[PDB]
Amino acid sequence: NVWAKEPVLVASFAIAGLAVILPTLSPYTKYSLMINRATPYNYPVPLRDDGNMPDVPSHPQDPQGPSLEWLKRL
Amino acid sequence: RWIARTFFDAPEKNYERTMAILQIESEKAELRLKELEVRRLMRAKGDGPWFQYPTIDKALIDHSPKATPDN
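Those sequence lines, one after another, are chains A and B.
Here my numbering is used: position 35 in the first sequence is 35, and no number is missing along the way.
So my numbering is basically just the index in the second sequence, starting at one, shifted up by 100.
So that you can see chain A by itself, here it is in the shape it has in the complex:
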């Protein structure tokens, strides 16, 4: 067949086809987006006191806010 004619080209098409297809089916792409989003470059600014939100915690030790944990939890 084609494996004996030009083998390195067929190997390149195969690894290229898995490079196209394979990033869809993966258990790690949503993890990639979370890791990439949750790194703060600029300053997380404070904001005005109350619209009586059950969010936006007043202390950086208070666990009432959205934090990351899956860095340490593999």
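A few of these clues could be false.
[To be verified] In silico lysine to any residue, SDA-like type, Cα no more than 25 Å apart, as pairs:
1. A:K30 to A:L71
2. B:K166 to A:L33
3. B:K113 to A:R37
4. B:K166 to A:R48
5. B:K166 to A:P60
6. B:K166 to A:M53
7. B:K134 to B:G148
8. B:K166 to A:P66
9. B:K166 to A:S26
10. A:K72 to A:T29
11. B:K166 to A:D55
12. B:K166 to A:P40
13. B:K166 to A:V45
14. B:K166 to A:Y41
15. B:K166 to A:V56
16. B:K166 to A:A38
17. A:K30 to A:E69
18. B:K166 to A:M34
19. B:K166 to A:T29
20. B:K166 to A:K72
Because the hints were derived from the structure by calculation, they are not lab data.
Put chain B on the given structure of chain A with help from the hints.
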């Protein structure tokens, strides 16, 4: 009399035709001069909806907390 009866038109018919036709084209001439005066003042001052060349659309101007405090 037969020639005037079977072929021609009354002076009433033609006379009222002339009068109606002058009414029509007097409206046309007055609208045309008013058009060019509106156009010249609207180009001069710019208050009207015709000559408005598109400036910046401000919807893309998105104020937000930046990196540097003094913007």
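Against the structure, the hints:
| no. | hint | verdict |
| --- | --- | --- |
| 1 | A:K30 to A:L71 | 13 Å, holds |
| 2 | B:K166 to A:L33 | 22 Å, holds |
| 3 | B:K113 to A:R37 | 86 Å, violated |
| 4 | B:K166 to A:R48 | 16 Å, holds |
| 5 | B:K166 to A:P60 | 21 Å, holds |
| 6 | B:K166 to A:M53 | 23 Å, holds |
| 7 | B:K134 to B:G148 | 15 Å, holds |
| 8 | B:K166 to A:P66 | 21 Å, holds |
| 9 | B:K166 to A:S26 | 35 Å, violated |
| 10 | A:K72 to A:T29 | 18 Å, holds |
| 11 | B:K166 to A:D55 | 22 Å, holds |
| 12 | B:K166 to A:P40 | 13 Å, holds |
| 13 | B:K166 to A:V45 | 9 Å, holds |
| 14 | B:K166 to A:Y41 | 11 Å, holds |
| 15 | B:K166 to A:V56 | 19 Å, holds |
| 16 | B:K166 to A:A38 | 17 Å, holds |
| 17 | A:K30 to A:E69 | 15 Å, holds |
| 18 | B:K166 to A:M34 | 22 Å, holds |
| 19 | B:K166 to A:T29 | 28 Å, violated |
| 20 | B:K166 to A:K72 | 30 Å, violated |
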